[PDB]
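Place chains C and B with the ligands on chain A using the hints.
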Amino acid sequence: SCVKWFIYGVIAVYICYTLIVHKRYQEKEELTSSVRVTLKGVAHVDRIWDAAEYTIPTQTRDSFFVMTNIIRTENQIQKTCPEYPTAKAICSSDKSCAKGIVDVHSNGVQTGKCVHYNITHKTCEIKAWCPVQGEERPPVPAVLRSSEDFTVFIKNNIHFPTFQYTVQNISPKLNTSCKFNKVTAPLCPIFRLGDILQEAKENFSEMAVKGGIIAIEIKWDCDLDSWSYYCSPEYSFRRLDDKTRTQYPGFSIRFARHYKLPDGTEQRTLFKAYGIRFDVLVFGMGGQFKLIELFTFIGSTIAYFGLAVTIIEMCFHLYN
Amino acid sequence: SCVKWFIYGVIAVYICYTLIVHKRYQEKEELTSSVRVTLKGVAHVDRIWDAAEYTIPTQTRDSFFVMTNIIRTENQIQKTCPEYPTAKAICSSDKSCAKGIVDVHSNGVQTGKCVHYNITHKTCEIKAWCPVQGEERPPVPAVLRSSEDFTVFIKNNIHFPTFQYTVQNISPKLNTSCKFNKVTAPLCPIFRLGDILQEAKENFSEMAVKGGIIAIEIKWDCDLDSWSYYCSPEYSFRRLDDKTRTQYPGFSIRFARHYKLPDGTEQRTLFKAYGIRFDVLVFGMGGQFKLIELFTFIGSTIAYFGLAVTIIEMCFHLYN
Amino acid sequence: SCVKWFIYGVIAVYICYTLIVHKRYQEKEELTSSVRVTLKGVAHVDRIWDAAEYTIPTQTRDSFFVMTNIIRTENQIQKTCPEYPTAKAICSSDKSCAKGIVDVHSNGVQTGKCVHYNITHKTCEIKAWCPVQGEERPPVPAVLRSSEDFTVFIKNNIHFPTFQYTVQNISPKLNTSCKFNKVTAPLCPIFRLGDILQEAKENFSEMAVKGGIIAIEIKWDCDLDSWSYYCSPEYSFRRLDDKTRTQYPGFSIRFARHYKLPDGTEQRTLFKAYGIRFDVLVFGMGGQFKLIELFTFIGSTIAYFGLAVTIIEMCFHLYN
Ligand SMILES: Nc1ncnc2c1ncn2[C@@H]1O[C@H](COP(=O)(O)OP(=O)(O)OP(=O)(O)O)[C@H]2OC3(O[C@H]21)C([N+](=O)[O-])=CC(=[N+]([O-])O)C=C3[N+](=O)[O-]
Ligand SMILES: Nc1ncnc2c1ncn2[C@@H]1O[C@H](COP(=O)(O)OP(=O)(O)OP(=O)(O)O)[C@H]2OC3(O[C@H]21)C([N+](=O)[O-])=CC(=[N+]([O-])O)C=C3[N+](=O)[O-]
Ligand SMILES: Nc1ncnc2c1ncn2[C@@H]1O[C@H](COP(=O)(O)OP(=O)(O)OP(=O)(O)O)[C@H]2OC3(O[C@H]21)C([N+](=O)[O-])=CC(=[N+]([O-])O)C=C3[N+](=O)[O-]
Ligand SMILES: *[C@@H]1O[C@H](CO)[C@@H](O)[C@H](O)[C@H]1NC(C)=O
Ligand SMILES: *[C@@H]1O[C@H](CO)[C@@H](O)[C@H](O)[C@H]1NC(C)=O
Ligand SMILES: *[C@@H]1O[C@H](CO)[C@@H](O)[C@H](O)[C@H]1NC(C)=O
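Protein chains in written order, with PDB author numbering: chain A, 27 to 346; chain C, 27 to 346; chain B, 27 to 346.
If chains are identical, the list can't say which one is meant, so a pair holds when it fits in one copy or spans any two.
Mimicking EDC-like on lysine to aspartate or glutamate, the simulated pairs with C-alpha atoms at most 16 Å apart in a straight line are:
{"hint": "1", "residue 1": "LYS153", "residue 2": "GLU292"}
{"hint": "2", "residue 1": "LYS245", "residue 2": "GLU56"}
{"hint": "3", "residue 1": "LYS66", "residue 2": "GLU162"}
{"hint": "4", "residue 1": "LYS286", "residue 2": "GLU100"}
{"hint": "5", "residue 1": "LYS49", "residue 2": "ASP251"}
{"hint": "6", "residue 1": "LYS199", "residue 2": "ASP268"}
{"hint": "7", "residue 1": "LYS153", "residue 2": "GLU79"}
{"hint": "8", "residue 1": "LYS105", "residue 2": "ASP72"}
{"hint": "9", "residue 1": "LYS298", "residue 2": "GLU79"}
{"hint": "10", "residue 1": "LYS205", "residue 2": "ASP129"}
{"hint": "11", "residue 1": "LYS245", "residue 2": "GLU260"}
{"hint": "12", "residue 1": "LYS153", "residue 2": "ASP72"}
{"hint": "13", "residue 1": "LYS66", "residue 2": "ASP129"}
{"hint": "14", "residue 1": "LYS227", "residue 2": "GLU243"}
{"hint": "15", "residue 1": "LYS298", "residue 2": "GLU100"}
{"hint": "16", "residue 1": "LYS208", "residue 2": "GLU243"}
None of these hints come from the bench; they were simulated from the model.
Bound conformation, chain A alone:
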């Protein structure tokens, strides 16, 4: 009959483990998140890149983009010019150049003339925004590599609407001259971009040349009970784009700045901006004591394990 009370002890111990460890006495709710970011830093290389230059106006609620490398082509006007030298765009004679837009890779409608691109090579003439943008190989060191030293301030506000409870990842009074540390300052959400790529096992200088995608994962697992109150974030950092060269890594945005000359003709300045798009993913759950939950758990285990206790009871009776 020792085996019997061993089974009873196992059942009781399991019910208490489930109750306490899994907190079956509390209601759970998924958090509702709000993220805001503010960038600080300036790079002076052939131009002064403050935040207004290396950012685009942010209406998104979960991500933000920092420019790390730049290809700029200025004062381009709609006219005729040589195509950029592409396998299908290089020509020896006008017979190679078909009229109109031929493939999706062209920057303009082809006139059919084969015209010099540089001293050495010829290429198909096109009607386009001229001169066509032609580095195509981003600068050997990244232009805005200095962005490694920029800092980002991530204001994350979490809401449990049922519990009417709100938390943020900021200490009650925060000294700005702080840098995030897992143990010493967990409530300092100021991150050096280089440090972020560091925790993601990535080399900023290398990644900055062609861009990429970094996920800032903020996890909240919250107990709102007065006994054992824990509600604080856990950050992890991960690179989301395949780093391998053949698999098309990196990220860039294309944009233009349009101008009008005194004559009235429109002229534009075309940017291809490689950069890192940071995706801020905030998931989490929170729980709080509720009587209805405790009662339903008690009733549930009383029913189920009450049936188990009686069946095991009669089993030991009927056979011994």
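Here is chains C and B with the ligands on its own, set in the frame of chain A:
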């Protein structure tokens, strides 16, 4: 006896409660949402602010931004100038200004000289877009406070792909001259921004100074069965950022408008636009009768509670 | 006595079915996704529309927007002009035109005078960006209808962080000269926009006039076990806005390009750009064998079905 059939009655009543109240006969599916917004309104304050002035192009699917307050600094050129005099940017001598150092408060790379801003205030000289933008105190009544009277038309379309059923938050014929009221017109998705912030227990005049974040929460709980058909939206409104002064509330975007002067050198106009970012959160579930589910429920409860019945009959028969 | 071991066989075959089909030996994990898109194509209509022209800078992680139809109003200056002829704006005499307080549909503050719009009709004078933008009905064939032939390259990388495993929807070495095929080339995520709308049962020519919303749904159901390895995406395509005359379909963005005249006064060019906003929705789950999961399943079925077996054993003895 009495206690036995009391237990059987409790079991039967519970199976019925579960079946009907929890609708265990229907398959449930989580909705997939689509939001579009269109803003209407004009403010005449020193300039004519129509939608093209007080919004930025919205490619995001979950949110939209309305400008409420504005700081503009015009005709700034890349050169050297004094930093803006903010405490901890002030200096008496050149040793306080480190050379080539970008600090959290600085708008440019420091030259290392300490230079006059006023007669009275000296500050670290920097290479930056000059003059530096230095209000840091947004206009005392909000510039676009009148935006309180703008209206937003929120077109929400939800799909249940399994059920191949689609719903919108718009009445079958909608008069534009309607304005949302919780009870009188629930399917009028035209909202006065002031009314939204009112529903969020917030003062538009106050919030318009430094900006903020409002969540427009659209809840759908849908029964698609013909005998009890309910599928209509439920709106709630909540401010997501802590409004307290010390915890860094508000929201803004920085952007610039670039021009070129005749010599070709760049000059830009820098905007710091405080405003409200509205985040449209659409959550929801819908359910529809399915035979496979009803059969699974009947089979499940016959199995489990059939075993329970055999326990009570056989086992309590064994005794007495 | 045959019925008893028939019950045992049904239970056993069911345990095996659940184990194998539902893969109860696997830990399951929800997907973490990353999408990048790149647009390629050029349209020649009165101007050269390359990607910098028909797109807006995209910082969002789940969507992208292509312009299909355009209304442009150039050289708009703040001054007085007639309102656009909308029902509430047409007037025969000055008494209908109220001064100052405007309507939500007005483009500027009213002077209170009733002034000529055409030869034929008059309308209320306003202070606004003049001339007001007045087609209100987009061009009868869409101006950028040719975007049908543009291609989009959708780079999707999914991560299972617990299993430390990542996949992408791109073949291991991919030649760009591929076009997506459901069966022949499923790992070629290069789509012609026309073909996208085709798969969604939509006509690009038709949709291009007023725009709309297309959902590109990428589903991953992944088994990472070596003996049964499947991890590849399946795409579906759906139009999210109700295709119907009265229920307000279509999509557009408003933006402006500001210029300065030699005088220094502001001049702007106002765009209403109709287009298709494509939403890339990536959901999925993946699973991998884990010993703790298999053990918890073994223990659970031993517990539950051990009680069931003893119950029916006691029943068959005690009664027949
Ligand atoms: N990425 C970042 N890394 C580090 N710190 C950051 C970062 N982003 C923001 N901060 C700090 O956050 C403070 C509060 O900024 P916040 O109000 O949220 O947004 P803004 O900086 O746009 O200001 P605003 O809301 O418009 O008044 C800023 O004020 C100040 O320090 C700055 C500040 N400044 O930004 O210039 C100057 C200052 N003094 O004393 O000169 C004091 C601050 N402060 O105490 O927070
Ligand atoms: N924020 C808002 N608050 C209130 N109503 C809004 C708002 N946004 C849109 N509406 C109304 O919604 C009607 C349908 O808008 P819709 O046509 O989808 O708008 P878009 O700007 O996308 O234009 P489009 O359809 O592309 O030509 C509009 O037509 C009209 O009333 C407008 C309209 N208008 O100028 O937009 C004028 C009009 N009269 O009578 O002059 C009648 C309308 N109407 O009855 O719907
Ligand atoms: N929507 C699209 N439809 C079809 N193809 C697309 C699309 N988007 C991108 N591609 C192809 O993807 C190739 C790799 O581009 P990717 O690395 O993703 O981005 P970027 O082009 O910005 O990179 P980069 O800055 O050049 O390193 C591009 O190179 C090329 O073909 C282009 C390319 N080009 O973009 O100009 C020229 C070329 N030749 O031979 O001239 C060969 C390519 N190629 O083989 O992939
Ligand atoms: C001319 O252009 C072709 C195409 O890129 C290139 O291979 C060649 O090196 C260029 N020659 C000069 C003079 O730069
Ligand atoms: C100096 O400039 C700062 C700018 O905020 C101001 O606080 C101070 O009163 C000014 N004093 C004079 C004399 O300009
Ligand atoms: C006059 O303007 C109104 C637009 O409301 C239109 O009904 C009418 O046909 C126009 N007549 C012209 C263009 O002569």
